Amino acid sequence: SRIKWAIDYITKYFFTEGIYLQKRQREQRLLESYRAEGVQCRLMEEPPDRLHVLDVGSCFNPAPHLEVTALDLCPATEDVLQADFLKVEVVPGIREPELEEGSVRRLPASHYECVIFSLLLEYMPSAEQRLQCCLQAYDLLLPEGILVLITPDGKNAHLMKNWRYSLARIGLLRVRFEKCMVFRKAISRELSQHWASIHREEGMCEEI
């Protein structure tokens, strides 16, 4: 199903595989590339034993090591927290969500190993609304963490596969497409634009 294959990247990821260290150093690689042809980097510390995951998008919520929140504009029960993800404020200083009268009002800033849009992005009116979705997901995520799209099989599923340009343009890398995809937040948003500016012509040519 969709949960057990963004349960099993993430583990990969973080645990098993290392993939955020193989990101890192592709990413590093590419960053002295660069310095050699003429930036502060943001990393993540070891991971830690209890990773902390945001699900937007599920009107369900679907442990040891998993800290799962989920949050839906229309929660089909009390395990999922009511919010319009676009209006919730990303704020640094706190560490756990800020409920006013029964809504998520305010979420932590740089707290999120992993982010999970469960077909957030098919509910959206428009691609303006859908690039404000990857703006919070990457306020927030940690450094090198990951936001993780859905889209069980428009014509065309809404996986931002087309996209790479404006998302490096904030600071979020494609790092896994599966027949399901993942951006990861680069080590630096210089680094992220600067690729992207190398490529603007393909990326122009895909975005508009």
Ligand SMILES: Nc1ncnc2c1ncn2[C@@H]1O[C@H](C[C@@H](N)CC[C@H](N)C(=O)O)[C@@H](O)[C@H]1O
Second form
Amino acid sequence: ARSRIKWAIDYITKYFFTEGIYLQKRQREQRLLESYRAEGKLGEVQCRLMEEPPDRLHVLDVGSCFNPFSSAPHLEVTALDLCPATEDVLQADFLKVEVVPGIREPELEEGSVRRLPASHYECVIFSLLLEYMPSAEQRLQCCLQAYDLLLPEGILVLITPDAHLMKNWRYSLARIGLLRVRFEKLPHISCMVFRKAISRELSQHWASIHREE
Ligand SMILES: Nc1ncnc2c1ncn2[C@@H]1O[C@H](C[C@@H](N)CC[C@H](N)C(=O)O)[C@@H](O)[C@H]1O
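Would you mind giving the form deposited with this ligand bound, to go alongside the form deposited without this ligand above?
Below, the chain from earlier opens the complete complex, with every other chain and molecule after it.
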């Protein structure tokens, strides 16, 4: 009876606060960048790193039917949904949202969220959302927008319903800068976390050497 909501809250706390996983992965990715540089495959790459996590994490719950994460301690949740079921969830079609730099809060037009702050959220949650998307092109679009919304070393929680697909998702997301850091099987669901690596070039290379036709 493990809830995807309880699993997600548990990981986020471990990642930023109680186990400092973000520092463990930083060191792992720094070691990987040195291994690639030592093979002549990569040279000078831009690396952007997070400061010490705040006491209140900025979380974006996309496809948030009812804002399950709003009550969690130390999570400032901004909730979005195409068909909100509760009054605390904002109306929006994520596929049409602009990721804007230079803004602090969502900007609404006609009651629908149309602009969100870039590199502002420590976490973005896609809990059983991507399968509602029609095409694969639009699923990837959701993750590309999440990467622009995340801060350096922020995380994308991806929960999907229930092989070679999960390794193709790892490849396709590593190609946009998101490396998988956790995979767990809960009843009828598969819970994964993807991290905005210190360098996109780094993740793009890991993907190139892990593509299997
Ligand atoms: N293009 C879209 N833009 C915004 N929200 C969407 C879009 N397509 C589906 N949704 C919402 O994503 C939600 C999918 C739900 N199954 C997930 C609800 C909740 N996140 C959960 O973990 O159960 C629905 O409430 C949809 O309204």
